[PDB]
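A single chain comes next, written as structure tokens; it is the form deposited without the named molecule.
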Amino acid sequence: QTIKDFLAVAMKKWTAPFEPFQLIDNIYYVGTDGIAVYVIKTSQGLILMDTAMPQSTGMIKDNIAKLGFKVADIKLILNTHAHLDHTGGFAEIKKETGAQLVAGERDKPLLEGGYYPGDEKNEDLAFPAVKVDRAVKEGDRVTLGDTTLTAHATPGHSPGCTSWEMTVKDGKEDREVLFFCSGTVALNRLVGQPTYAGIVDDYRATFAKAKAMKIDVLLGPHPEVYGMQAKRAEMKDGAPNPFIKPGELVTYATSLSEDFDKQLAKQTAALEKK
């Protein structure tokens, strides 16, 4: 991977439009064609799950409005993980709304510094710094009105990467949703000068944890995590919700683990003196 390529994709594909929609029950998609952002409607206001690139905050706000939700009604902002493609609008929306920001405790320094871990001088991976109001750990519960999410610590992609679980209805029945935080290697260094200490063990633990979770609906911070666009095209009133696929996290985590092994081998070979 190259950082140039990460930036090129972030500026073409990840800033492109996608029409917002009700995904399941009180969870709404308001992201772009390449970065997933969600509104969760509660009885006491809105929870915003992530933002997008720093230059895309206006478009996220416009997507929220296309559903009839008010940006002013956002009470809580939750983060999956603290990289600029998910945190770019946090400072802006927090200031405009007075919302509180909730994030995994080990990502707090990243959020509060606005920098990429292990590459802290790289201005093109920086974002507007934002204060964390509540730092969460495994099992912590976050409630707004009628709605509660549970934090799961799923580190690797970032040290504080937090996957968020909540219950929704599909007709009369409960379904369990996971906003999975990301388990890609992406720009991280695994060996040599690792991006952070213990990164390899964190990824390992996260893949295993993901395969053991009982989850009906897999979501994530990029639509490619769960094949959003193909599912969206299959939505029809009266037909089963295509976002319900309870085996998907096991399949996806298996794919992530296999790619992880490839990247670890590649980076290990690249360390050899030549």
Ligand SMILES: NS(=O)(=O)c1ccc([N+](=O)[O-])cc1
The other form holds:
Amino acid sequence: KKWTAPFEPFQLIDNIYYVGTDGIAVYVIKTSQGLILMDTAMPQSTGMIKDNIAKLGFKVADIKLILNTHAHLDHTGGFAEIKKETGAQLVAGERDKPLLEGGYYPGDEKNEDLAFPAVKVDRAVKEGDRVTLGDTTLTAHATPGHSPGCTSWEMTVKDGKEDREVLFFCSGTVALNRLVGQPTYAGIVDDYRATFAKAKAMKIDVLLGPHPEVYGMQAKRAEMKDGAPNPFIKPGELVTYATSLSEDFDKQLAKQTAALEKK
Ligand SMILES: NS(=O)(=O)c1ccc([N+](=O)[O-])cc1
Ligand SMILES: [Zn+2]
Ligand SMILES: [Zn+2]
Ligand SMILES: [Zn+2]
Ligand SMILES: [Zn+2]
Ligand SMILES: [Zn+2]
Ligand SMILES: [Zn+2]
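Coords for the form solved in complex with the named molecule, given the form deposited without the named molecule:
Let's see the whole complex now, leading with the same chain.
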């Protein structure tokens, strides 16, 4: 369904371009010294992603860096292919390196339906690390929980004369993760808690993420018009979204906890 369904690519704000599917967000960041690719999609969708890149007039061969938000197959599925064909370097949060290099789902390592083609991490990042290509720098923020190395990426764009701060938020959903009993990884609950709080304290103009549902992409795209305000600028949104995530987290934690009582 949605994850592999097409969506027309577009310039989102300044040098950030959407090239994902209807259900998985992928971005090209255009720099003075080549392209940065933010994530990929499912392993079967790599051709579609490359075609979307070409539809905007970009060359896949110009990709120099590939950045990851988090190491699940729906975001990493094209990494091994694109890295091999371009010679790009892969940059990811240090604690997701084992996931990326093994091509497995943490705490469910034998589940082949969650596997992806293994890929080596060239640069393992930590909180505050700066990744520069030409005129463009992204800053890594450690926002674990959804994965142990989940990295939210900060960058500055222009809106007319003014700076606006973008966060590629890495994801904060519970989704398939086990929080209790046999947790997906050690300290997962504390990580989620810390991440919700951290997200609410950041000063972010433009919320993005690895699924369009993170930021209501489709509705904003519909509102775009030459000379009208860029609808992706909503500075309160990360607070609102993190609050919704935290509230769902509480529900999932309670559900999973109750489920430990064997009947
Ligand atoms: N990123 S996620 O947590 O929304 C997610 C990734 C993969 C699957 N999957 O393959 O079933 C489910 C959920
Ligand atoms: Zn088209
Ligand atoms: Zn995920
Ligand atoms: Zn996902
Ligand atoms: Zn290819
Ligand atoms: Zn930070
Ligand atoms: Zn579950």
